[PDB]
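Engineer: Below, each chain spelled out in residue letters.
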Amino acid sequence: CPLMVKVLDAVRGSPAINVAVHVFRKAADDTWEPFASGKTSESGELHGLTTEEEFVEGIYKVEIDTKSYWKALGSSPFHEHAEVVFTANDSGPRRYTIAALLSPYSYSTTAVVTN
Amino acid sequence: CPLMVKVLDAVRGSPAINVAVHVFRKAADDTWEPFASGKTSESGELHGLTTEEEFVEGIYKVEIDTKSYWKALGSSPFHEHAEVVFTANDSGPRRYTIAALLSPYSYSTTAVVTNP
Amino acid sequence: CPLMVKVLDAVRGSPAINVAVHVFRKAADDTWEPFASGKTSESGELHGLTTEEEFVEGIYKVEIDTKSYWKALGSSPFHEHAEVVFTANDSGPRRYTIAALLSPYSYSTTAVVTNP
Amino acid sequence: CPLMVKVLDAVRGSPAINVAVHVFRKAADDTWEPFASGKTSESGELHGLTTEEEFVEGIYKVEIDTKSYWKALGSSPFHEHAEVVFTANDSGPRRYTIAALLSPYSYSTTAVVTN
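Protein chains in written order, with PDB author numbering: chain B, 10 to 124; chain A, 10 to 125; chain A', 10 to 125; chain B', 10 to 124. A prime marks a further copy of an entry chain.
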């Protein structure tokens with residue numbers, strides 16, 4: 010599992026559950042090709058998005074549906090979504106955890122890139 | 010000044026200076042149209058992107074070129090950029106400050122929205 | 010104004026107003042001595058805590074009463090407060106902005122340190 | 010394991026390894042009683058600090074030695090340490106993960122409190 014996404018709710022101090030996540034790969038035309046998607050589990054985690062074979066070097070975009078999340082919970086959110094865009098390269102570490110910490114008007118994202 | 014961007018460097022504890030910022034608006038046909046652009050000043054602030062008259066209701070995307078920033082300082086950053094996408098002015102005109110706090114593998118963004 | 014504190018509310022996207030802030034200095038005997046205190050203004054800023062003359066080298070602790078803030082707004086926050094502890098002025102006088110971004114179960118703090 | 014501490018390095022996008030962590034409980038005199046301590050593992054995690062029996066309601070302080078961390082890595086840090094102070098109460102969720110995300114001049118901390 011070379012790409013994992015983990016989402017936390019900073020208001021309630023919990024996993025952000027059933028958050029929709031879509032992953033895209035940049036195509037040679039520079040448009041965004043759907044690659045993978047899923048919803049975060051009860052632990053705020055989304056595993057099994059891709060495989061080592063499929064997850065080649067390229068520029069990837071991870072779009073987190075934060076607006077839908079806050080809407081279901083009765084909170085008026087600022088952002089339409091949280092976008093994370095990065096280049097996956099073969100030379101260094103290559104398990105990627107994209108972590109997102111969510112508030113109605115703020116989010117932070119952090120990549121933990123390990124062996 | 011209804012739209013302002015402030016960018017801080019969390020490694021140096023300083024404003025993040027000369028960071029390129031591009032702003033787009035979603036058009037009727039659902040494409041991103043160029044709206045404004047600029048660079049942060051010595052104070053890490055970017056003012057004057059737009060005017061009250063021009064800054065109508067819409068979905069806006071603020072793209073902060075964090076990669077060029079970190080690269081020019083010798084670091085090899087994780088993100089291509091930091092994108093902030095939001096609906097603006099749909100309860101009427103507001104003033105928006107988009108704050109970004111930058112580290113090589115992490116960033117946070119915050120909106121401060123005030124009533125003029 | 011060598012020491013300033015700015016506090017933002019990440020739930021409301023607004024400055025965090027009327028937040029109590031207490032500042033202590035570590036004394037020769039290793040105890041925390043009261044140094045200054047105040048409340049954030051309508052802009053979430055707290056200015057005038059000290060002067061250049063008074064703000065000598067030392068280890069300082071800035072205690073932000075986030076609990077009372079969230080409690081008065083109906084939320085039941087996780088933290089008792091947000092503490093920021095730092096050595097000041099040991100390469101000579103600097104100006105310090107301590108920024109805190111607040112959520113009920115999370116906060117981040119950032120220092121912007123500039124050369125007067 | 011009702012108290013877990015997890016530390017990340019936002020500069021390198023990795024676990025913050027071998028970070029010293031001390032936990033204190035507030036005594037009735039209002040002084041801070043050493044309770045538990047440890048160093049973060051290779052995954053940035055510190056488990057086994059306490060047990061359900063020992064971890065009674067009270068006010069706890071978790072002190073993370075961030076300065077030593079940055080110093081060993083050649084980065085000039087701002088903070089003397091990162092302090093997290095909270096009340097542990099019996100009524101709601103009670104596994105606590107204290108997460109810290111570290112930069113030289115900034116840190117964020119987040120509590121994930123689950124069943």
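In short, the hints are calculated from the structure, not lab data.
Some clues are possibly wrong.
Under the rule of at most 30 Å between Cα atoms (straight-line distance), these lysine-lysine pairs were calculated in the DSSO-like manner [unchecked claim]:
hint, chain 1, residue 1, chain 2, residue 2
1, B, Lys15, A', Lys48
2, B, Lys76, B, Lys48
3, B', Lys70, A', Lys70
4, A, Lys15, B', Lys35
5, B, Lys80, A, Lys35
6, B', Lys15, B', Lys35
7, B', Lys76, B, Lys15
8, B, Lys15, B, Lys70
9, B, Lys70, B, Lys48
10, A, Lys15, A', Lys48
11, A', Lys76, A, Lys15
12, B', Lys70, B', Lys48
13, B', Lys15, B', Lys80
14, A', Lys70, A, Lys48
15, A', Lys70, A', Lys80
16, A', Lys70, B', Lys76
17, A, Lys80, B', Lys70
18, B, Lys48, A, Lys76
19, A, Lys80, B, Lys48
20, B', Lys80, A', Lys48
21, A, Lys76, A, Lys48
22, B', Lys48, A', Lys48
23, A', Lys80, B, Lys15
24, B, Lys15, A, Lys70
25, A, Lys70, A, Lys80
26, B, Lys15, B, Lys76
27, B, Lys76, A', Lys70
28, B, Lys35, A, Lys76
29, B, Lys76, A, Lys15
30, A', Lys80, B', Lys48
31, A', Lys15, A', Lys35
32, B, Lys80, B, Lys48
33, B', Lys15, A, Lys80
34, B', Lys35, A', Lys48
Simulated restraints, written as ranges between beta carbons of each label pair [unchecked claim]:
hint, chain 1, residue 1, chain 2, residue 2, range
35, B', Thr60, B, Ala81, 33 to 41 Å
36, B, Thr60, A, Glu61, 44 to 52 Å
37, B, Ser46, A', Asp39, 51 to 59 Å
38, B', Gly67, A, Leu82, 39 to 47 Å
39, B, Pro102, B', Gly57, 20 to 28 Å
40, B', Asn124, A', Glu42, 40 to 48 Å
Think of the CB as a built atom: it goes at the ideal place given N, C-alpha and C, for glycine as much as any other residue.
Engineer: Next step is simple, just say for each hint if it's right about the structure.
Structural biologist: Evaluation of the provided hints:
no., hint, in the structure
1, B:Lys15 to A':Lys48, "36 Å, violated"
2, B:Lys76 to B:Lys48, "14 Å, holds"
3, B':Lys70 to A':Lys70, "15 Å, holds"
4, A:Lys15 to B':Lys35, "39 Å, violated"
5, B:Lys80 to A:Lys35, "21 Å, holds"
6, B':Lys15 to B':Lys35, "22 Å, holds"
7, B':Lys76 to B:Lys15, "27 Å, holds"
8, B:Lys15 to B:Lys70, "15 Å, holds"
9, B:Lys70 to B:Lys48, "16 Å, holds"
10, A:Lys15 to A':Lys48, "24 Å, holds"
11, A':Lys76 to A:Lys15, "27 Å, holds"
12, B':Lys70 to B':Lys48, "16 Å, holds"
13, B':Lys15 to B':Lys80, "19 Å, holds"
14, A':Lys70 to A:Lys48, "35 Å, violated"
15, A':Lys70 to A':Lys80, "23 Å, holds"
16, A':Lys70 to B':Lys76, "15 Å, holds"
17, A:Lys80 to B':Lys70, "38 Å, violated"
18, B:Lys48 to A:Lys76, "29 Å, holds"
19, A:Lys80 to B:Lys48, "34 Å, violated"
20, B':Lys80 to A':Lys48, "34 Å, violated"
21, A:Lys76 to A:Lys48, "14 Å, holds"
22, B':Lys48 to A':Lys48, "37 Å, violated"
23, A':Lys80 to B:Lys15, "29 Å, holds"
24, B:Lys15 to A:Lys70, "24 Å, holds"
25, A:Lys70 to A:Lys80, "23 Å, holds"
26, B:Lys15 to B:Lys76, "16 Å, holds"
27, B:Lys76 to A':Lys70, "37 Å, violated"
28, B:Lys35 to A:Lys76, "17 Å, holds"
29, B:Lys76 to A:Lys15, "23 Å, holds"
30, A':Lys80 to B':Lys48, "34 Å, violated"
31, A':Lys15 to A':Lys35, "23 Å, holds"
32, B:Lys80 to B:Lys48, "16 Å, holds"
33, B':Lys15 to A:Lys80, "29 Å, holds"
34, B':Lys35 to A':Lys48, "26 Å, holds"
35, B':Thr60 to B:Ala81: 33 to 41 Å, "37 Å, holds"
36, B:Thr60 to A:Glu61: 44 to 52 Å, "51 Å, holds"
37, B:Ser46 to A':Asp39: 51 to 59 Å, "55 Å, holds"
38, B':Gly67 to A:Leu82: 39 to 47 Å, "45 Å, holds"
39, B:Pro102 to B':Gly57: 20 to 28 Å, "27 Å, holds"
40, B':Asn124 to A':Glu42: 40 to 48 Å, "43 Å, holds"
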